[PDB]
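**Q** Here's the letter readout for the chains.
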Amino acid sequence: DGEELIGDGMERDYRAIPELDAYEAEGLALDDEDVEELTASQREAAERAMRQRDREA
Amino acid sequence: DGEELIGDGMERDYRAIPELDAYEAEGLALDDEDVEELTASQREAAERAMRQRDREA
Amino acid sequence: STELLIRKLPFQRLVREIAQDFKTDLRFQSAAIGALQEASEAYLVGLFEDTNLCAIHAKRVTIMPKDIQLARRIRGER
Amino acid sequence: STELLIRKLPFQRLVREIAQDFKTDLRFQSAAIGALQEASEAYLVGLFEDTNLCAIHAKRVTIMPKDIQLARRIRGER
Amino acid sequence: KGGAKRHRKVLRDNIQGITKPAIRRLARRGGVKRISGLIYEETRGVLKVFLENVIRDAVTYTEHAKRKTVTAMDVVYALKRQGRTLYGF
Amino acid sequence: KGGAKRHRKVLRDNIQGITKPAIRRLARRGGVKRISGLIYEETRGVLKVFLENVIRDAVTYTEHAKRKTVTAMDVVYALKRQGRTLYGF
Amino acid sequence: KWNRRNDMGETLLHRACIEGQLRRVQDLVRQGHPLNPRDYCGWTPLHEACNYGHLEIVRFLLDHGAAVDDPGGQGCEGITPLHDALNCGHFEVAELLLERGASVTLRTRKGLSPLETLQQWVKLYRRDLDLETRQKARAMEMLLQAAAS
Amino acid sequence: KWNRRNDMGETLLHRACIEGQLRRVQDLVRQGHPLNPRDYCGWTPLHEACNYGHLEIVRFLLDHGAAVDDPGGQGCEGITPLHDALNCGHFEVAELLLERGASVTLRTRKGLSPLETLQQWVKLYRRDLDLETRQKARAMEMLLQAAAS
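Residue numbers (the UniProt record's numbering), protein chains in the order written: chain W, 68 to 124; chain B, 68 to 124; chain V, 58 to 135; chain F, 58 to 135; chain E, 13 to 101; chain P, 13 to 101; chain Y, 521 to 669; chain G, 521 to 669.
If you are wondering where the hints come from, they were derived from the structure by calculation, not from laboratory data. Cβ atoms here follow ideal geometry from the backbone N, Cα and C, with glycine treated the same way. Don't take each hint at face value.
[What the hints assert, rightly or not] When the alpha-carbon atoms are kept at most 30 Å apart in a straight line, the in silico DSS-like pairs for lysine-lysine are as follows:
#	chain 1	residue 1	chain 2	residue 2
1	F	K80	P	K21
2	E	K32	E	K45
3	E	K21	V	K80
4	P	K32	P	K78
[What the hints assert, rightly or not] Pairwise CB distance ranges (calculated):
#	chain 1	residue 1	chain 2	residue 2	range
5	G	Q541	W	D75	15 to 21 Å
6	E	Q28	V	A88	44 to 50 Å
7	Y	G595	W	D98	29 to 35 Å
Build the full structure now, drawing on both the sequences and the hints.
**A** Okay, structure coming up:
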């Protein structure tokens with residue numbers, strides 16, 4: 068009452084599919100502009116906010 | 068092939084036993100002298116040491 | 058075989074769709090998608106190992122949803 | 058019943074004995090023993106909950122060592 | 013003898029992009045030899061919850077950084093907050 | 013036809029201080045209704061390992077603080093390092 | 521914990537009172553659900569029940585909760601359960617919703633009001649209605665009109 | 521993972537080659553143990569095997585490892601397995617330990633040396649020894665003496 072993962076034809080699961088095997092540009096950043104990571108204050112702030120978000124759920 | 072936890076006489080498991088129900092002085096600090104917690108450097112150092120301890124085990 | 062797990066492109070679009078109802082107009086660094094994909098895959102592969110242990114405990118070779126459920130509960134998920 | 062779990066005094070002596078082969082001449086703040094005892098008890102009580110889940114998974118009401126073992130493995134212990 | 017107006021429905025499909033082959037591939041890597049039919053659905057639900065929790069936190073980081081581009085580091089912190097360790101990013 | 017000198021043995025007993033009643037009390041609190049006989053031994057082993065790991069780290073903290081008295085905070089850090097959260101200390 | 525859905529945002533409770541399984545709805549409601557969960561369009565399990573009714577399903581439902589007056593989730597055009605039931609001409613269900621609560625002033629703003637909704641329903645189905653149906657609609661029509669007062 | 525003990529520090533491997541269960545020792549050694557683990561006194565599973573021998577147990581053991589020359593853990597007075605076997609007069613076992621390795625210069629320092637250990641063993645058991653036993657001890661005695669050379 069289940070299906071075998073290992074046997075003849077499992078190799079079809081591993082074929083290369085070029086059009087699916089890379090990320091596309093859509094949804095990615097539009098350019099190479101510098102992106103600043105969180106400052107320690109900004110991080111501490113975000114976690115404070117999420118702490119409270121959770122506290123009310 | 069096992070024993071029941073809940074039934075007549077489980078109450079004997081909860082009786083007070085004064086001589087066992089408190090910590091004794093032996094092994095405890097001898098006096099009320101001030102005890103300084105780890106400095107951030109000391110903590111970072113200890114964790115560095117334990118990281119390496121683990122890395123060799 | 059290959060180190061192939063989840064196809065990249067559907068994974069990307071999956072991430073954008075989910076992100077969209079939290080916030081709109083978002084874009085991603087490719088590495089951010091990469092980060093999500095690797096973590097997702099490590100998460101599921103590890104989970105399947107725990108799941109497999111739960112099946113064996115029940116003297117089954119076939120894993121089932123209840124196995125995944127036990128694993129997640131013990132791992133402290135909700 | 059009572060909130061009694063492990064008797065304090067044997068727990069204290071248990072801690073000193075274990076501590077002794079790491080380092081000698083150690084003494085403890087009482088709160089440190091208290092800290093160890095509470096953590097130990099939370100740890101075991103929680104573990105028994107996971108263990109109980111593993112027994113039920115195997116359609117048993119009686120928990121067994123193999124249940125504790127499964128729980129610990131899934132929790133990532135060694 | 014009248015008639016009815018059914019509910020408009022809104023579809024979010026993309027989780028089906030975690031396909032049966034993808035799921036077999038994950039399970040195999042996890043050492044699994046045999047799966048029940050319900051495993052596919054279950055796995056999609058589980059991953060969906062996982063991503064929803066991590067991306068929600070990540071997006072929250074991105075906002076507090078006052079920008080609209082999500083970064084690998086935003087995801088790393090989110091993962092850490094959600095109890096998962098990621099190296100290399 | 014000769015004779016033998018057996019090995020001297022060194023006993024560390026104190027783990028037996030986690031008694032059968034103590035273990036019943038823990039299991040009950042954990043919602044457990046029935047235990048096999050081997051549960052007692054197993055639980056002692058498991059706790060012993062746990063304490064050994066936490067106290068080893070704690071003692072290491074105490075050393076780096078250049079003192080011979082272990083403090084509640086030393087234990088808290090040890091617990092945190094060993095993946096356990098403790099409040100109130 | 522309890523809220524995880526299909527790709528339409530539909531909770532396990534939804535599916536039961538959608539397909540109108542009473543032995544399911546019952547068993548599930550036992551432990552079952554935080555109510556007023558909104559699927560991706562914004563409906564609630566009571567909307568589904570009213571919309572399809574499933575009279576004896578909505579009776580089980582309106583019991584617990586209550587949840588009996590639920591507005592629209594955005595995008596679903598702000599349709600209350602009575603609005604929904606009057607769109608589907610389930611009058612026995614519309615009658616049920618009037619006991620245990622009612623919105624009747626709701627004026628749900630698709631541009632219309634509860635009476636206007638029924639009236640537009642009648643207008644659209646004018647031919648094809650039974651005698652009994654025509655009468656259930658008249659009762660309901662005079663009943664709503666005399667609600668606002 | 522593998523190292524957890526009884527209250528004497530005794531590993532699962534210890535108990536098997538203590539009680540001399542071969543069908544146990546076998547099955548366990550399969551997956552079984554990091555060797556030279558030291559119990560709380562500092563002995564090793566090979567010490568136990570030599571000490572009790574259990575000739576056909578120590579043969580299974582000295583095979584894997586090797587682990588065949590193991591000094592004392594502190595407090596156990598620095599007794600090598602051959603020292604141990606000569607204390608227990610298991611000569612067939614003492615002979616076995618001489619192939620596949622040997623410490624014979626070990627001079628284990630309870631103050632004594634391997635020969636001195638055998639000699640003190642003989643001296644102590646002088647009356648009560650068999651003919652065969654007396655002869656096994658003579659062989660071994662001339663053999664050790666001609667080791668140092």
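**Q** None of the hints should be skipped; say for each whether it holds.
**A** Hint by hint, here is what the structure shows:
Using a Cα cut-off of 30 Å, the hinted pair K80/F and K21/P holds, with the two alpha carbons roughly 21 Å apart. Proximity of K32/E to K45/E is assessed by CA-CA distance (about 15 Å); at most 30 Å being required, the pair is judged to hold. For a cut-off of 30 Å, the pair hint linking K21/E to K80/V stands: about 21 Å separates their Cα positions. For the hint linking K32/P to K78/P, the alpha-carbon distance of about 39 Å lies beyond 30 Å, and the restraint is violated.
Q541/G and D75/W have their C-beta atoms about 45 Å apart, which leaves the hinted 15 to 21 Å range violated. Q28/E and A88/V have their C-beta atoms about 26 Å apart, which leaves the hinted 44 to 50 Å range violated. For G595/Y and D98/W, the hinted distance range of 29 to 35 Å is satisfied, since their beta carbons lie about 33 Å from each other.
Of the numbered hints stated above, those contradicted by the structure are hints 4, 5, 6, listed in ascending order.
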